[PDB]
Amino acid sequence: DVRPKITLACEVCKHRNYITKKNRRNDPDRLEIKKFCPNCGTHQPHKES
Amino acid sequence: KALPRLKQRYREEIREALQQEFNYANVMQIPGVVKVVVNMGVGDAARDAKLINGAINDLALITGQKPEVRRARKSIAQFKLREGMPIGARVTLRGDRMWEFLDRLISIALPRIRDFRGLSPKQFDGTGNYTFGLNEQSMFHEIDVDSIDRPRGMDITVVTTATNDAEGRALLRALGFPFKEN
Amino acid sequence: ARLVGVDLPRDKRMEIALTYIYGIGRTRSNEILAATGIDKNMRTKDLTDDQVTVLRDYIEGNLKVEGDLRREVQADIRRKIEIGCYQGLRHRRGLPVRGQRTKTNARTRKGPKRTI
Amino acid sequence: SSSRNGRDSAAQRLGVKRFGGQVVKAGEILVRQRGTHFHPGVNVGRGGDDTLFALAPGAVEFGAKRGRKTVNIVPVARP
RNA sequence: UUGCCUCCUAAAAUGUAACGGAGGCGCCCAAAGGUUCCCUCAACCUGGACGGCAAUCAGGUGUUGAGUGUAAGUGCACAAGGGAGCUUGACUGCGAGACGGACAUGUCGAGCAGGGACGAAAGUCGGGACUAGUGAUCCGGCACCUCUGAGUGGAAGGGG
Ligand SMILES: [Mg+2]
Ligand SMILES: [Mg+2]
Ligand SMILES: [Mg+2]
Ligand SMILES: [Mg+2]
Ligand SMILES: [Mg+2]
Ligand SMILES: [Mg+2]
Ligand SMILES: [Mg+2]
Ligand SMILES: [Mg+2]
Ligand SMILES: [Mg+2]
Ligand SMILES: [Mg+2]
Ligand SMILES: [Mg+2]
Ligand SMILES: [Mg+2]
Ligand SMILES: [Mg+2]
Ligand SMILES: [Mg+2]
Ligand SMILES: [Mg+2]
Ligand SMILES: [Mg+2]
Ligand SMILES: [Mg+2]
Ligand SMILES: [Mg+2]
Ligand SMILES: [Zn+2]
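Going down the list, the sequences are from chains y, c, M and s.
Each number in the authors' numbering corresponds to the 1-based position in the first sequence with 5 added.
Each number in the authors' numbering corresponds to the 1-based position in the second sequence with 5 added.
Each number in the authors' numbering corresponds to the 1-based position in the third sequence with 1 added.
Each number in the authors' numbering corresponds to the 1-based position in the fourth sequence with 7 added.
Because the hints were derived from the structure by calculation, they are not lab data.
Where a beta carbon is used, it is the ideal one built from N, C-alpha and C, also for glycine.
Incorrect hints may have been included.
[Stated by the list, open to error] Label pairs and their in silico Cβ distance ranges:
{"id": "1", "chain 1": "y", "residue 1": "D32", "chain 2": "c", "residue 2": "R155", "range": "35 to 43 Å"}
{"id": "2", "chain 1": "M", "residue 1": "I82", "chain 2": "c", "residue 2": "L115", "range": "26 to 34 Å"}
{"id": "3", "chain 1": "c", "residue 1": "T136", "chain 2": "s", "residue 2": "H46", "range": "47 to 55 Å"}
[What the hints assert, rightly or not] Which chain M residues stay away from chain c? Per the calculated CB distances, all over 10 Å, these:
{"id": "4", "residue": "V5"}
{"id": "5", "residue": "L64"}
{"id": "6", "residue": "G68"}
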């Protein structure tokens, strides 16, 4: 598909909140960015599911 | 507490001679060397960029400062070259390093050239700038003989403050390159 | 060992180790070893640096080796091919210069064989 | 024989919307445009899609400033 | 031929048909986003080993003729073009006032709080210079919840 949809989930609470798109061929590895998690209340790293 | 011999010569006698023999209005109309540029384009980088490493090594050995790597600003299909690849390396000499390189050149490299018949006085471009090329690099004594694998030439250019061609020709003759007589 | 950018063989008699140098061959090696008095049968395991260095000194003082040799060879080739000499034209055509029997032999100069 | 044309888009209703001498409220839209045919001035901001909107109440006044077409808002005196 | 985007016909507000005249779209980018800092091309002329009408270097002329991922138009030399350091605001809770329309759709937005990025500071940041890259209702799946639970306590099921 070239452009699969992916879901980002927090680490401690483990809740799926954000959804984006990425190119697997260009980025075989998983994504690792920092986003705002409402329930946690602080910016924490989010790892692609 | 040190000063290069060529710089001493220029600031002691060359400037006075030029001023006397051209009759300038003020003190600082006498031309002076600004910078020296050394570069070379290989053209084979499109197939093998390994030779670029040897080119950089040779340039560092001859000069003593890390040179550049230059890309291409256009893509030519007939020359089978596209954007982004490296093509050649350059380096600029100023001040004490420039004087030392010029002195070493005139003292060693030029006399050591095989079949050296002089330099054409027609190499100027009108405004007082000299440029010429070389075919073989091992003439320089700083690069050892057996460590080189392939022959690579280079082009070196000198720029002065001379207003016209005659001023620069006189200044560089006073410096004393082996000019040809015509 | 190593000399003038030439990797001396791990274990070879000096009479051929010096031969491996492009500027020195069999009889030149024989004469050089006779002059230096060095035995021509010993192995590389007993080689020592000082004798090698003095040998390098003698050979560089008395002869021209490797890149210089190449350079005058191609200088000769280019001058002969530019002056229009018979050897120059033969080099242009990639054929023997002495004028041997090109009829069947000279495959060494003509390179591989291609059929028509 | 036939034709391969005959397809078109919709109409975006572009163009100036509030003319000089009028009175506008805060956050009003003054001009809709593709490029920066006009430019923001005083008390006027440039939107995401190159649209112009007012920041404070007043009266519109078209004007130019050093090779530009600009829109300005004057602070009409309070009665 | 059947939907969406750009131009002309379209008679200098908006709008305006035809089997009229021309073209694209059913993508792409983890940087081609955010912020801070710096620079300006194409072309022509003159000199240089291969090197030539064009490869890399030096000097001179050069105010938009180069360039803007993708078709057109509107713009951009103050840059929205080119080069570099850091980083994910390609957020959460909200929204005064408007833009046009038969209806359902679409679009812009100053400003407050939480917790961030950039910069010494003033300040910008709710994806991409702008306009296309998409699909209502019903039915069902997945994660979570201080909702409900057919006598009571659970569970099944139903709910946001
Ligand atoms: Mg990458
Ligand atoms: Mg000059
Ligand atoms: Mg239209
Ligand atoms: Mg934007
Ligand atoms: Mg946008
Ligand atoms: Mg109109
Ligand atoms: Mg009608
Ligand atoms: Mg079509
Ligand atoms: Mg960037
Ligand atoms: Mg220039
Ligand atoms: Mg830029
Ligand atoms: Mg409303
Ligand atoms: Mg805040
Ligand atoms: Mg805001
Ligand atoms: Mg941008
Ligand atoms: Mg139905
Ligand atoms: Mg019950
Ligand atoms: Mg349940
Ligand atoms: Zn969380």
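Each hint tested on the structure:
Between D32(y) and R155(c) the CB atoms are about 40 Å apart, so this pair conforms to the stated range of 35 to 43 Å. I82(M) and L115(c) have their C-beta atoms about 28 Å apart, which keeps the hinted 26 to 34 Å range intact. Range check, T136(c) to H46(s): about 48 Å between beta-carbon atoms, so the 47 to 55 Å window is met. Not every CB of chain c is more than 10 Å from the CB of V5(M) (nearest about 6 Å), against its label as outside the interface.
Against chain c, the non-interface label of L64(M) holds: every CB pair exceeds 10 Å, the least being about 14 Å. With a least CB separation of 6 Å from chain c, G68(M) falls inside the 10 Å interface cut-off, contrary to its annotation.
Checked against the numbered hints above, the structure violates hints 4, 6; every other hint is satisfied.
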